[PDB]
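**Q** With the hints as constraints, model all of the structure from the sequences given.
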Amino acid sequence: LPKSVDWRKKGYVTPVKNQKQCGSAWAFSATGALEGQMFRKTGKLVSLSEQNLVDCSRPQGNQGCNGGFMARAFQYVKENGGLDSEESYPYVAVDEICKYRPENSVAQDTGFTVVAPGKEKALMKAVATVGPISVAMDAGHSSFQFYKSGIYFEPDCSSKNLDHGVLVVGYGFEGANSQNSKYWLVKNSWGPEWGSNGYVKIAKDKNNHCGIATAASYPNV
Amino acid sequence: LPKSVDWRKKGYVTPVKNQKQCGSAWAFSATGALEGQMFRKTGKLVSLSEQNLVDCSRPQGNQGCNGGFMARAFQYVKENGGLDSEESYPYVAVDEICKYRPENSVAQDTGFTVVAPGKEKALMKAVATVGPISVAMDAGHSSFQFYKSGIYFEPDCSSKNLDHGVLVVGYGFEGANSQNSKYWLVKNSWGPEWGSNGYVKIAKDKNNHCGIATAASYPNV
Amino acid sequence: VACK
Amino acid sequence: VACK
Ligand SMILES: [Cl-]
Ligand SMILES: [Cl-]
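Chains as they are written, first to last, in PDB author numbering: chain BA, 222 to 442; chain AA, 1 to 221; chain PB, 452 to 455; chain PA, 444 to 447.
Think of the hints as simulated: they come from the structure by calculation, not from any bench. Each residue gets a CB set at the ideal place from its N, CA and C atoms; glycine is no exception. Hints are not guaranteed to be accurate.
Straight-line C-alpha distance at most 25 Å; calculated PhoX-like pairs for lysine-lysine [claimed, not checked]:
hint : chain 1 : residue 1 : chain 2 : residue 2
1    : BA      : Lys-241   : AA      : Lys-148
2    : BA      : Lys-381   : PB      : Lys-455
3    : PB      : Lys-455   : BA      : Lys-320
4    : AA      : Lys-160   : AA      : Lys-119
Simulated coverage check for chain BA against chain PB, where a stretch passes if three residues somewhere in it have a Cβ under 8 Å from a Cβ of chain PB [to be verified]:
hint : stretch
5    : 237–248
6    : 275–289
7    : 382–389
**A** This is the structure:
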């Protein structure tokens, strides 16, 4: 496997978005992974509608601004036959009535693939060979809210009790040794002003820190 | 016109590039605009060669790593009959021998269109109806060099004496009022690590701040 | 009611 | 020239 990967340099990743005051990170994580797989299939990078997921996937078990799951979102895209572009179905950060239109769909999936749970080397292999991967993490600590730079390591982090969906767009290492100070490159949905211009480096191969490899998945297109 | 525009979300913009220690930002602005118009024309996003412009457009009045103009670059692509891809004519950030190869050409233009000088509304109409637009700006300040987030505003900026070519990929606003806190979304060529993932928000409709609407243009494909 |  |  490569010593490092950054899918942003290859055209797979849309700009940093902002979920605002809505518990919809699961939808941002799902659109981020679907954006990368649709780009790998067609060569076109098109922002997808998180609002379409918030408003329309209650039947699949999501709860809009009250939380949800990236896999239920990929299940909704499969059962619905499509997902609208962000341009056609804009984000307003509140739960609203479904307004999906097939004429505005720009993405499809046939289901999803789960990465082996808890295995960071399985995750590293999926990040290197598939593209960005949806993951859940424990972001329930003030250190994550106030993160600015460097490798994030929170001693109180849980690898089992997760509360936030994010997108792994790569991995790498600080310093000149490829095996020391490793990290996962993560796209958050709290806007570009949070963290490292919207991104965070989470410590890698340090016992599944913050649960990054506990519930990872990607859509099949 | 739309309240906001962001061509990155529609597939028109390549990942942020880095001119390094060469005064070629005019060539990156020009390839960025041509990348968007070729994508509007064919549906395919193909990275274009700045080095081809640096090495070959001296007859049109550019001076390679010593500076140049986006309009002179669009004139070269017209007179030359084509422009090579980034992959086939790689960037090395120094003046080299012209190695233009017609068989590697992936773009063409018939000339270019100019936005009315100094008119921010004319620039807004061009960004909304055409795609990314080449523009010149006054970037000669340490506040720009160390810009990290938010709307950039510099009291010492000039709207007349400009020194750096960049690309307007959209515009928007902060908050709920679509007026107030308006900004231009600008792609730079100092690498993804500079600014906000390689981008800067420049204050919009504030008397043509930093000259963004003084010398704007786009290629005709 | 999982991730937010 | 100009833009750099
Ligand atoms: Cl999930
Ligand atoms: Cl020019």
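**Q** For each hint, tell me whether it holds in the structure or not.
**A** Now for the hints, and whether the structure bears them out:
Under the criterion of a C-alpha separation no larger than 25 Å, the hint pairing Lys-241 (chain BA) with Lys-148 (chain AA) is consistent with the structure, at around 21 Å. The suggested pairing of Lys-381 (chain BA) with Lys-455 (chain PB) holds, with an alpha-carbon distance near 15 Å, which does not exceed 25 Å. For the given pair, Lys-455 (chain PB) sits about 22 Å from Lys-320 (chain BA) by alpha-carbon distance, which is consistent with the 25 Å threshold. In summary, the hint linking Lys-160 (chain AA) to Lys-119 (chain AA) is supported, as the alpha carbons are separated by about 13 Å, within the 25 Å threshold.
Check on the stretch 237–248 of chain BA: 4 of its residues sit with their Cβ under 8 Å from a Cβ of chain PB, so the three-residue criterion for coverage holds. With a threshold of 8 Å between beta carbons, the proposed coverage of the stretch 275–289 of chain BA by chain PB holds, since 4 of its residues qualify and at least three are required. A count of 4 residues in the stretch 382–389 of chain BA with a Cβ less than 8 Å from any Cβ of chain PB is obtained; the coverage claim is therefore met, three being the minimum.
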